[PDB]
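Asks: Here is what each chain is made of, one letter per residue.
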Amino acid sequence: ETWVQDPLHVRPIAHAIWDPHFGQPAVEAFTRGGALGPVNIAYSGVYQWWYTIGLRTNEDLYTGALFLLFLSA
Amino acid sequence: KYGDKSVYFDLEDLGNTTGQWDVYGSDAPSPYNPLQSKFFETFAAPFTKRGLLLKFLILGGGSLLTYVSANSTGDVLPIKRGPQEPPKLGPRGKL
Amino acid sequence: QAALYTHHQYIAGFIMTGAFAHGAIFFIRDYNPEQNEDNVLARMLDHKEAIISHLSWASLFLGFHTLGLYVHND
Amino acid sequence: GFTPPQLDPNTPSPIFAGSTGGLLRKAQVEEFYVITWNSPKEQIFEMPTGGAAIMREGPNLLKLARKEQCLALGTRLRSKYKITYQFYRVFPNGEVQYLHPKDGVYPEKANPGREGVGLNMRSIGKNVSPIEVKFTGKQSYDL
Amino acid sequence: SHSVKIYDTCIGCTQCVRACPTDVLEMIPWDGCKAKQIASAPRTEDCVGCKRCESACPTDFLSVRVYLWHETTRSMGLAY
Amino acid sequence: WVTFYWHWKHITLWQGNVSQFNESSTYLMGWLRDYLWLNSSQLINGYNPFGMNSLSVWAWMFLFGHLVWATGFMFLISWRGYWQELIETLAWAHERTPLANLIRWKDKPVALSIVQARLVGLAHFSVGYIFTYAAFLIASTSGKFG
Amino acid sequence: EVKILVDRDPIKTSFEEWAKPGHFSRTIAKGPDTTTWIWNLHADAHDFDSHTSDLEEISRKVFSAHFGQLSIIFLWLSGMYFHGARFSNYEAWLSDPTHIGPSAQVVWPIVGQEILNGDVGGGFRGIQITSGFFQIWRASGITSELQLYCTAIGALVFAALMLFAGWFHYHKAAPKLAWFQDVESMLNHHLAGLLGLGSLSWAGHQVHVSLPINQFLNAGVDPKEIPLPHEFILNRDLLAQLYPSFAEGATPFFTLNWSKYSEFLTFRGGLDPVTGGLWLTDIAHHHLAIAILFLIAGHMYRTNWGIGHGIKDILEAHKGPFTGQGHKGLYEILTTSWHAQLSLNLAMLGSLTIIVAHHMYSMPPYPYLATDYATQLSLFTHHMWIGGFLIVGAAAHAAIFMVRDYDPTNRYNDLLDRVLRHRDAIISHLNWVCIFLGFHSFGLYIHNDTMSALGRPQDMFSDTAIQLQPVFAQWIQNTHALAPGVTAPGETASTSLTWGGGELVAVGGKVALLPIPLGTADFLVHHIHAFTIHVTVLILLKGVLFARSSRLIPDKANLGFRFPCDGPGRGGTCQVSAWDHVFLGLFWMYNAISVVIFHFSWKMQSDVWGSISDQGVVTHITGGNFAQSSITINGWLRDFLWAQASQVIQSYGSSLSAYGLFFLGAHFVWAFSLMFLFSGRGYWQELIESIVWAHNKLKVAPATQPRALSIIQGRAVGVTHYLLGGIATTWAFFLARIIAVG
Amino acid sequence: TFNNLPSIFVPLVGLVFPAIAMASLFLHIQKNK
Ligand code: CLA
Ligand code: CLA
Ligand code: CLA
Ligand code: CLA
Ligand code: CLA
Ligand code: CLA
Ligand SMILES: CC1=C(/C=C/C(C)=C/C=C/C(C)=C/C=C/C=C(C)/C=C/C=C(C)/C=C/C2=C(C)CCCC2(C)C)C(C)(C)CCC1
Ligand SMILES: CC1=C(C/C=C(\C)CCC[C@H](C)CCC[C@H](C)CCCC(C)C)C(=O)c2ccccc2C1=O
Ligand code: SF4
Ligand code: SF4
Ligand code: SF4
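Residue numbers (the entry's author numbering), protein chains in the order written: chain A, 75 to 147; chain B, 51 to 145; chain C, 368 to 441; chain D, 62 to 204; chain E, 2 to 81; chain F, 589 to 734; chain G, 9 to 750; chain H, 3 to 35.
FYI, nobody ran anything at the bench for these hints, they're computed from the structure.
Just so you know, even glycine gets a beta-carbon here, dropped at the ideal spot from N, CA and C.
Don't take each hint at face value.
Said to hold, decoys possible - Derived CB-CB ranges, DEER-like: (1) G:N486 to C:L436: 46 to 52 Å; (2) E:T60 to D:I105: 53 to 59 Å; (3) A:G128 to B:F97: 39 to 45 Å; (4) D:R139 to C:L429: 57 to 63 Å; (5) C:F428 to D:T197: 56 to 62 Å; (6) G:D17 to C:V438: 36 to 42 Å; (7) G:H50 to D:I105: 34 to 40 Å; (8) G:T417 to D:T145: 16 to 22 Å; (9) D:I105 to G:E324: 17 to 23 Å; (10) C:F428 to D:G186: 34 to 40 Å; (11) D:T145 to E:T60: 29 to 35 Å; (12) B:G124 to G:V626: 42 to 48 Å; (13) B:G124 to C:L436: 30 to 36 Å.
As the list claims (entries may be wrong) - Listed next, the in silico DSS-like pairs over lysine-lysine satisfying Cα-Cα at most 30 Å (straight line): (14) G:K11 to G:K180; (15) E:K37 to D:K187; (16) H:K33 to F:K597; (17) D:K195 to E:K37.
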């Protein structure tokens with residue numbers, strides 16, 4: 075939802091990270107994209123391709139994920 | 051006969067031939083005290099069914115692991131403490 | 368834009384190696400030389416030495432020359 | 062029904078100070094391939110388990126690890142020392158299967174009394190392709 | 002275990018079996034050659050797959066032929 | 589080769605200095621210096637003896653891929669027989685080591701089959717190729733974003 | 009007992025066998041049905057144990073082959089001394105050796121390669137050599153180029169003499185087997201007569217020629233002003249003006265009044281602070297004492313007279329309680345087998361080359377060696393590599409003994425049998441300790457790498473986080489620094505200044521071997537070295553022991569020493585041969601010596617070498633980044649490999665450009681080797697048969713049938729290209745790095 | 003709780019699911035009928 079507004083200057087986020095081996099410097103360094111915790115930057119472009127086909131909210135992605143789970147079942 | 055002069059193929063006693071030996075397996079009786087032995091027997095007979103032991107081990111260990119990692123705060127693991135630091139703006143603005 | 372290109376090209380290289388490997392597995396397991404005698408596929412296996420030799424030529428030519436040029440420039 | 066097995070008795074074993082290439086737990090649950098030979102003199106030979114052994118004048122007996130060990134030993138015996146040998150297979154239950162000549166004659170002299178198996182009466186190119194035997198237990202070479 | 006096969010191109014030179022270190026092979030009489038003998042493979046259970054037999058078969062391609070197949074403890078050549 | 593060409597042409601375009609590629613891509617020491625040695629500057633410094641940054645994961649993955657890419661050379665260069673003999677010694681030791689004689693395997697241990705170990709060497713080799721170049725590409729294009 | 013048993017005209021000098029290639033072998037002396045024949049013509053060329061069965065002809069062949077090798081080395085030294093004489097700046101390097109690059113090779117201006125002739129210094133354009141011949145020549149008191157040309161001519165003469173000697177001792181009058189087997193006289197002579205008298209004669213040179221000349225060269229004298237060496241022999245007043253003990257001559261010697269010889273035979277251990285090398289005064293006394301020692305040691309073995317130890321009487325005397333008969337039989341398996349002796353001498357000569365590498369950096373014996381960081385690094389690295397190779401060849405030839413020359417019937421040994429009988433125990437414990445060391449030496453690097461990547465530098469194994477200090481090595485270091493005193497009086501200083509209590513030998517702007525501090529990184533890398541050595545010994549010892557038999561192949565000796573396999577059976581039995589074990593041990597020796605010379609280069613450039621200004625502040629080449637960055641692999645990749653490879657790759661258009669060229673080329677040859685190590689023969693034979701169809705289509709079918717390389721040959725080509733490529737990569741990288749920043 | 007769910011699922015997955023999976027698969031390997 076933040077990437078949609080300023081995409082050129084807001085970093086994508088693949089998923090958060092909970093690695094209990096992390097030290098506090100690593101918790102501090104991996105906090106990107108305006109997150110309250112560590113994160114990994116989506117170098118997959120899924121942000122761009124979802125934003126180009128609609129999908130301008132997190133609820134849109136939630137509905138899509140639930141529907142794809144239904145499709146997997 | 052296995053004990054003859056350089057005979058090691060007693061076909062009847064195939065254990066001595068193939069090397070089936072308790073090399074250190076002393077058959078000496080229980081050196082423990084009887085009372086503490088009975089104590090351990092009665093207090094560890096719950097762990098006699100290997101299948102129930104395995105189910106208990108896996109489920110209780112996973113439960114304790116989730117409990118530790120969910121109730122532990124950031125003082126014992128920095129990943130739950132969080133950033134406690136402002137985020138650096140990446141290259142080229144942030145992209 | 369780099370991760371996607373690199374991704375799909377390594378994927379394409381693997382998929383291509385697998386395409387050929389499954390053609391080989393076909394030529395062993397599923398190829399009946401009597402049911403396709405003297406056909407495009409059978410006439411193909413005939414001049415396998417010609418194909419292999421001319422592909423060898425192309426690779427040998429390219430590697431020789433282009434490595435020579437890179438080395439000349441080095 | 063022309064050559065009976067020999068049923069190795071409690072013969073002496075070669076003089077050997079013991080090695081680590083000997084009989085492991087394979088003998089304790091599977092076969093271990095005893096070999097028997099008959100020496101003219103007390104001579105010294107290389108053991109297939111590594112190390113040097115001193116064979117005894119007269120019959121000997123060695124329980125080494127497996128078939129290739131005793132057959133390599135017996136080939137070295139027959140070639141270097143010119144000595145008749147025969148080896149066995151001793152399952153842990155107790156049975157003793159006779160194996161090396163299985164006819165009293167080594168398996169080079171084509172002596173009649175042995176049935177030919179593993180015998181495809183064709184040249185090696187005339188085997189069918191796998192597609193002709195697809196979805197069948199016979200792979201390529203048992204028709 | 003392994004499937005050793007002897008084809009009818011064999012000249013009966015007795016190298017396949019004099020090279021075989023596990024008594025898999027044995028020469029038998031035959032009427033297809035000047036030597037009047039051919040190799041057979043009864044004891045394929047003792048076959049390790051070392052292909053010393055077919056590294057000594059002097060024919061166009063081969064007459065003896067070893068096919069790698071279900072590997073057991075004795076075809077894998079294990080003392081343990 | 590394809591992706592090295594791509595990444596260098598594009599990182600030079602994005603940085604602005606197409607002349608770097610157009611002058612240095614014609615001789616291999618340009619690729620070894622101006623592409624690999626130069627763009628790996630911000631990566632291997634992902635975690636120095638004094639602190640780390642966001643590219644620590646990419647440096648660790650870089651070295652991880654180097655490691656498996658080297659481990660594949662084990663299964664490729666070394667083949668089956670040295671390892672079977674080594675495992676025979678190991679089996680002797682385990683069956684004659686006290687307090688571990690009580691423990692006996694159920695599957696008789698053997699060195700990996702030749703075709704298997706080939707496959708395993710290629711798996712390590714390709715995993716290392718891929719993870720190494722992913723680390724390098726991602727870290728170089730993310731350390732700067734041109 | 010001992011004699012000169014030698015037979016005349018055994019072999020005819022004729023080109024008739026040159027015309028018939030492969031004459032030495034039976035299968036090779038009938039024609040090339042295939043191309044593999046030529047590979048077998050070179051492979052078996054020096055396999056004299058396979059050509060013949062009698063040891064007499066083999067001994068003659070190898071004796072004359074050693075003469076050819078000595079001819080080659082005399083010709084090589086001829087080249088070095090000559091190139092120093094004519095194509096060098098040695099006459100100028102003596103003036104300012106701390107700033108002029110030693111150069112002895114010039115290239116021809118043809119294709120732009122004249123850039124290699126660079127500004128070494130001395131008004132001379134050439135290649136900055138890293139051999140240390142200039143340092144020797146300053147230690148030999150040359151002070152000219154005429155002496156070098158005369159030395160080259162004399163070396164060419166001795167090369168021709170050795171060539172004639174090989175011809176004479178094979179074709180004209182060849183010794184028979186009773187002559188070589190008299191090892192008692194051979195040791196008595198090579199100890200006393202080669203090593204004793206050789207060190208004595210070099211002590212004579214060191215006393216008469218090197219010492220008086222270096223007394224002037226170090227005392228600001230120009231080489232043109234120095235008196236010639238023979239003027240010290242002819243005129244003793246000039247020699248006595250610096251060392252008055254020569255005025256008394258040998259009367260101090262023969263009267264045992266040696267106390268009045270200390271002007272030139274010293275014990276003041278340490279480095280000459282005017283040039284950084286050891287005191288030549290100490291080296292003269294050294295080689296003298298070594299002469300005495302080898303001279304009394306070469307009168308140990310009975311040769312013809314009633315005195316002396318018969319080596320059989322020494323070996324048979326040692327018979328262990330539960331070790332059996334003991335060393336009985338060894339005199340008969342060492343004197344009736346060249347391969348056993350070759351293995352023993354190779355192992356010791358290789359470890360000795362390594363000890364040379366280790367003692368030539370920490371006790372620089374030549375002037376201006378420690379300050380020529382290129383020479384120091386290159387010499388250490390060289391001799392380390394030679395030692396690893398010689399040890400690996402010792403393994404190969406132990407295996408060849410065990411396959412061919414080992415006979416428990418006739419030439420029996422007890423201890424070798426006992427080793428063969430628990431070989432599984434040896435290899436099991438070695439295979440364990442290799443894994444233990446691997447873990448607790450390299451997994452520590454992995455732990456440090458992960459902890460530094462997780463932002464946990466307080467959890468590494470560093471000199472700051474978790475102490476793994478070399479307490480034992482630190483104790484030896486501190487007690488060797490405080491060794492001058494109660495334990496070793498009359499030395500005036502430590503025998504080396506690589507210990508913490510030592511001092512800095514400032515030579516010019518350079519530093520020249522101040523103390524070496526041992527920290528956690530040294531612990532980690534030394535256990536890495538123990539690890540790599542132990543794995544190499546695992547592989548090689550395993551090949552040697554299982555050369556004859558295993559549980560897998562019990563008839564491996566009948567298959568030979570050098571065979572690929574025994575088929576895909578038994579799950580696959582590739583590389584069961586001892587040849588393949590040593591082929592793998594080559595790679596592991598490579599990894600070992602590579603990390604060794606990396607440790608050397610980095611520890612030196614960070615903690616030893618550098619530049620010390622006149623104020624006393626020493627700045628090292630890297631900046632002391634070893635103990636902090638050599639705890640994790642990313643430091644070796646970043647601060648050693650990536651950083652120090654900024655002078656070999658940036659050297660394009662410079663004088664050091666062949667170094668970057670061979671950097672890339674050795675990279676290539678290594679990778680090319682991977683085509684051989686990874687692939688197999690069958691693919692290449694099928695491809696060759698396809699392109700042979702393409703040739704037969706054009707009537708270009710060669711009669712020497714194109715065959716893909718044999719399997720063992722593919723492995724040989726792979727390991728040699730792999731080693732050559734990795735080693736030339738490292739050579740170029742080191743030399744450019746260390747010549748550029750110097 | 004959403005910030006506490008990785009702390010429950012990552013130790014769950016990456017340690018227990020190996021326990022369950024590798025144990026059950028070793029039992030499936032070492033089986034006889
Ligand atoms: C840097 C490493 C490297 C190099 C140089 C090669 C080179 C080659 N491979 Mg590949 N290969 C490699 C790694 C490499 N491979 C690896 C790691 C594997 C995995 C096992 C393979 C697997 C493989 C297969 C499976 C096949 C090849 C093929 C080929 C040939 C392709 C034809 C070509 O371009 O040749 C042009 C020539 C060269 C590249 C050689 C370069 C050297 C120069 C030109 C020689 C001259 C220099 C000098 C004057 C000689 C003297 C040197 C010294 C004695 C003084 C060629 C020889 C194919 C083939 O044979 O097709 C014909 C083929 O089928 N290779
Ligand atoms: C020049 C005169 C001469 C002549 C005509 C012969 C003739 C002969 N010699 Mg004798 N020999 C000579 C000199 C000579 N020798 C010398 C000087 C030595 C001492 C090294 C020997 C030592 C010697 C031994 C030990 C043996 C012979 C043998 C032979 C016979 C076969 C040699 C053959 O075909 O290989 C021809 C080989 C070559 C032409 C090349 C050999 C390599 C040379 C010596 C050195 C190479 C240096 C080179 C620079 C290094 C490579 C690096 C390069 C890549 C840069 C033949 C009767 C053999 C024999 O009779 O046994 C049956 C035998 O065993 N010779
Ligand atoms: C590939 C083989 C090879 C090559 C090319 C070189 C090349 C070089 N060596 Mg090395 N070396 C080698 C093998 C090799 N070495 C081995 C195997 C040994 C172990 C004996 C040595 C021991 C050695 C020493 C000790 C020194 C060199 C030096 C040198 C350099 C000057 C050459 C010279 O002759 O100066 C003249 C040679 C000397 C001054 C050496 C003195 C003689 C030694 C101490 C002993 C005598 C040998 C003995 C008779 C045989 C061994 C006896 C046995 C009991 C072990 C040059 C870089 C010298 C150097 O780096 O100078 C800067 C130097 O000091 N090397
Ligand atoms: C004192 C030293 C010494 C001596 C006398 C010998 C002598 C011998 N060795 Mg041993 N060996 C040595 C050192 C030594 N080796 C070392 C240091 C190693 C470690 C690698 C080995 C490893 C080794 C193995 C593994 C084998 C031998 C074998 C042999 C025998 C035959 C070799 C032959 O005919 O090849 C003649 C010469 C050649 C074929 C040329 C080799 C080509 C080299 C690799 C070229 C590349 C190296 C070069 C420096 C790089 C420059 C490249 C440039 C040209 C472009 C012979 C008895 C063989 C044997 O006994 O077989 C039964 C055998 O299998 N050796
Ligand atoms: C980097 C590449 C690499 C690595 C890691 C290894 C690893 C090993 N080699 Mg191999 N080898 C390689 C390349 C490599 N080799 C190549 C290229 C060759 C070609 C010649 C060989 C040839 C070769 C031979 C011929 C021999 C070895 C031996 C060894 C062993 C010694 C170290 C050991 O066990 O200690 C512990 C393990 C290591 C140091 C490896 C790194 C592992 C780290 C420290 C920890 C791993 C993580 C941990 C277990 C957590 C697991 C997590 C879970 C998710 C899985 C080990 C299996 C020797 C052997 O088997 O006997 C000991 C032996 O004889 N190797
Ligand atoms: C000791 C080293 C170590 C270890 C153990 C971990 C562990 C972990 N890290 Mg990592 N990490 C490390 C060092 C380490 N980290 C370092 C040094 C860095 C750089 C600073 C990072 C950076 C990092 C990031 C950026 C992220 C992690 C994440 C994770 C978690 C992944 C979740 C999981 O269960 O994966 C499960 C395992 C896999 C997915 C591996 C799949 C491949 C396997 C091997 C094949 C499976 C075989 C078969 C198909 C299935 C059969 C069953 C099988 C169990 C046998 C996990 C807790 C992620 C996280 O927190 O999300 C939850 C994440 O985003 N880490
Ligand atoms: C210019 C252009 C054009 C045209 C083009 C073209 C015409 C192209 C072509 C192209 C091509 C032409 C391509 C190709 C490709 C191929 C491939 C990629 C192949 C592969 C193969 C394989 C993989 C194989 C497999 C197998 C085998 C091995 C055998 C058996 C069988 C099989 C088949 C299975 C147009 C105008 C339109 C448009 C624009 C552009
Ligand atoms: C490439 C390769 C081959 C084939 C290598 C060939 C046979 C070498 C190529 C031919 C050489 C270069 C000889 C041709 C040069 C001749 C001297 C002819 C001269 C012609 C002019 C150049 C003068 C193998 O046989 C092999 C075997 C086992 C494992 C890996 C491999 C392997 O990787
Ligand atoms: S080796 Fe071949 S040709 Fe000779 S006997 Fe055996 S099967 Fe017949
Ligand atoms: S593969 Fe080996 S064991 Fe089998 S038949 Fe051939 S030689 Fe005998
Ligand atoms: S792969 Fe090569 S080395 Fe291994 S068994 Fe087969 S032929 Fe022998």
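Asks: Does each hint hold? Answer for all of them.
Replies: Hint by hint, here is what the structure shows:
1. G:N486 to C:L436: 46 to 52 Å: violated (59 Å)
2. E:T60 to D:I105: 53 to 59 Å: Since the Cβ atoms of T60 of chain E and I105 of chain D sit about 41 Å apart, the hinted range of 53 to 59 Å is violated.
3. A:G128 to B:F97: 39 to 45 Å: violated (58 Å)
4. D:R139 to C:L429: 57 to 63 Å: With a Cβ separation near 58 Å, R139 of chain D and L429 of chain C satisfy 57 to 63 Å, so the hint holds.
5. C:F428 to D:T197: 56 to 62 Å: With Cβ atoms ~47 Å apart, the hint is violated.
6. G:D17 to C:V438: 36 to 42 Å: Violated - the Cβ-Cβ distance for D17 of chain G and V438 of chain C, about 53 Å, lies outside 36 to 42 Å.
7. G:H50 to D:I105: 34 to 40 Å: Between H50 of chain G and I105 of chain D, where Cβ atoms are some 38 Å apart, the hint holds.
8. G:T417 to D:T145: 16 to 22 Å: With Cβ atoms ~20 Å apart, the hint holds.
9. D:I105 to G:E324: 17 to 23 Å: 19 Å Cβ-Cβ, so the 17 to 23 Å window holds.
10. C:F428 to D:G186: 34 to 40 Å: Since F428 of chain C and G186 of chain D have Cβ atoms about 36 Å apart, the given range 34 to 40 Å holds.
11. D:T145 to E:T60: 29 to 35 Å: This hint holds: roughly 32 Å between Cβ atoms.
12. B:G124 to G:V626: 42 to 48 Å: Since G124 of chain B and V626 of chain G have Cβ atoms about 45 Å apart, the given range 42 to 48 Å holds.
13. B:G124 to C:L436: 30 to 36 Å: The hinted range 30 to 36 Å is violated for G124 of chain B and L436 of chain C, with Cβ atoms some 59 Å apart.
14. G:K11 to G:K180: holds (19 Å)
15. E:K37 to D:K187: holds (23 Å)
16. H:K33 to F:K597: violated (57 Å)
17. D:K195 to E:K37: Given pair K195 of chain D, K37 of chain E is violated - Cα atoms ~36 Å apart, limit 30 Å.
In this structure, the hints that do not hold are numbers 1, 2, 3, 5, 6, 13, 16 and 17, in rising order.
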